[PDB]
Amino acid sequence: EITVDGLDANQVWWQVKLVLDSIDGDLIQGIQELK
Amino acid sequence: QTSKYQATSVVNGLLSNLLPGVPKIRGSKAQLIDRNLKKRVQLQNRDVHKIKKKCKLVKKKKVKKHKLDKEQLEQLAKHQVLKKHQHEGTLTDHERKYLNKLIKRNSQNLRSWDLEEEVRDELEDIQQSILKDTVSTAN
Amino acid sequence: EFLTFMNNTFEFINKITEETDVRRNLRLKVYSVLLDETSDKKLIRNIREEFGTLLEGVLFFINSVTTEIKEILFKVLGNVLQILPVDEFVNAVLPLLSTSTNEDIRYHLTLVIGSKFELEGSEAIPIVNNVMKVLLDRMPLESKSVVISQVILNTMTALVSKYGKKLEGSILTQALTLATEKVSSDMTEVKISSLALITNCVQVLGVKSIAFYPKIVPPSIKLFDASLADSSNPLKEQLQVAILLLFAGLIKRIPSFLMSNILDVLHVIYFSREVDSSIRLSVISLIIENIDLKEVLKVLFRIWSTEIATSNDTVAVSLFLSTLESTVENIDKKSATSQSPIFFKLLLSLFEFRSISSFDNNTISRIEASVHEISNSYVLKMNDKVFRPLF
Amino acid sequence: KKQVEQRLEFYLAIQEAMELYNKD
RNA sequence: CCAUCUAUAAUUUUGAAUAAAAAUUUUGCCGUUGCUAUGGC
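Residue numbers (my numbering), protein chains in the order written: chain Z, 1 to 35; chain U, 1001 to 1139; chain A, 2001 to 2391; chain H, 3001 to 3024.
Read the hints as simulated data drawn from the structure, not as lab findings. Among the hints, erroneous ones may be present.
[What the hints assert, rightly or not] Here are a few chain H residues that sit away from chain A, every Cβ distance over 12 Å (derived from the structure):
(1) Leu-3008
(2) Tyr-3011
(3) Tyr-3021
[Stated by the list, open to error] Below, computed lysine-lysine pairings styled on DSS-like, alpha-carbon distance capped at 30 Å:
(4) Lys-1038(U) x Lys-2070(A)
(5) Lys-2070(A) x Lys-2015(A)
(6) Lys-2236(A) x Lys-1067(U)
(7) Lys-1084(U) x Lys-1059(U)
(8) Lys-2162(A) x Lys-1060(U)
(9) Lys-2133(A) x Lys-2070(A)
(10) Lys-1059(U) x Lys-2162(A)
For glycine and all other residues, C-beta sits at the position ideal for the given N, C-alpha and C.
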């Protein structure tokens, strides 16, 4: 989960970076297969 | 006073895991400033990585000795349950196989002493010829 | 008379229990029953039950002891402890904890449980999980006793420290939850144990501990401020190093989350009077190598104008010099050019330090000399275009 | 002979915690 | 190295006093023998 409670956005932002970066790799391969 | 020792020890232990080199818990101001600045460079040069390696190895040796102690002790214990089971005919499938392996193990070993067949083929020829004369017995 | 017989009486229990042949050794006999499959499980339970009584009895005597008889009991106790596996020991001792009505005996039982695991490996992962659930469950019950509370907190610290990651997550997240609550405990002993766990818990959880970030850093900064005021505490030095060492732990595990509150972190390092300089200087080396330098450079200016410039503390000033100098040789050329206006703004403040400095000439002269060499480093590693306006 | 003589001469943690608890 | 600046030490003010504070300026080891001197390795 991405927590937005008692955190500044720079904390909130990066925790998006980790998930988004990791999901980018799996997202890219899925796009290639569906194409 | 137990709390003092316990409080020190938890702090003492945690220091090592994160800060190995730092010592443990137990005049002109210009002098003080320079000494701290000199302290900055020398600690930067400290070979902390070597310090971690020594602590790891010392602990690694201690655990390894105990694991061997457990291993040796269990192997001894594993033998008696076989002895009592064998004497009482309480052998399971497993025991009847390990002993069967021992039957194999010893039997293969004695073959090396028993010597090969081809020499027996010639040795027996030499053997019988010695015997007939010394016993004689033709008469 | 009576005591001499008791001295002789415990010589027996040592002699028989002493592990001096398969058949003589008590310890070996136990294992064969456990190893033997046809052994009745009820018989195994009796071994576990009889032992909880045996272990409790020896602890009772040791608790209620006479130096020569005290040591013999430990020989008896040591022989006792090695009789049965870690596996059956935990099963036979965990349910004695709740039953035991003496704070002393419970105090003793927690200590022995740890040392069973001080030399174990991954084979105890299922067992430790049982232990952690039990120890956590006992926490509300034993909050009244500080010593029992302190030690049990210490035990999880060793066990979270050792193969804590292999432990199932809910225990880790649960354990972090209990520690944060216990940080507010009035007893300094409960605190220092609470901080130590969170270090290990945060060390293992890492980013996953972010959910607890509001419940650790902001309180910890507040605790440090209270720490300065209450200088009479005998455990002030241990309390302070825990707070610093708490930041040090997470300065390696969550640098960028701590980036925003880095200013409070540096504030703790500067004014932590009790802690040794080496510890404070050491954790500084962690900050530079782990947290982005540009944000530090922005922060160094604010802390200097606010507190350090008026602090009149030699240690704080010296360490600030160490921090600020440390950044400049390590900061990149691109970062240096971008962050130049703040540094020069700080540099002017540093130059004006002589006006407000309450120290003697010798220190200020030395301080300026440090201020000048670093400035030479910073102006180098830049281009004309950025500097010409600044000049 | 004495000159020879001089030449001849020339050539547990829990237990600690348990004990510590008994003190207090 | 010299000078300068600090440090250490000494006289002085408030001060029962602590305290601050201006101010100024015989052995490596082991004994014996006094309150200083010499025996052994």
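These are the hints, each one checked on the structure:
1. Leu-3008: 39 Å, holds
2. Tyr-3011: It holds; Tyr-3011(H) is separated from chain A by about 39 Å at its closest Cβ, greater than 12 Å.
3. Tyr-3021: 7 Å, violated
4. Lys-1038(U) x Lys-2070(A): 50 Å, violated
5. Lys-2070(A) x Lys-2015(A): With Cα atoms ~15 Å apart, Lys-2070(A) and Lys-2015(A) stay inside 30 Å; holds.
6. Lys-2236(A) x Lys-1067(U): With a Cα-Cα distance of about 41 Å, the restraint between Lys-2236(A) and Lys-1067(U) is violated, given a limit of 30 Å.
7. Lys-1084(U) x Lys-1059(U): 38 Å, violated
8. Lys-2162(A) x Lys-1060(U): 13 Å, holds
9. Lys-2133(A) x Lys-2070(A): Violated, at roughly 33 Å.
10. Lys-1059(U) x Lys-2162(A): Within the cut-off at roughly 12 Å; holds.
Hints 3, 4, 6, 7, 9, counting from the list given before, are not met by this structure.
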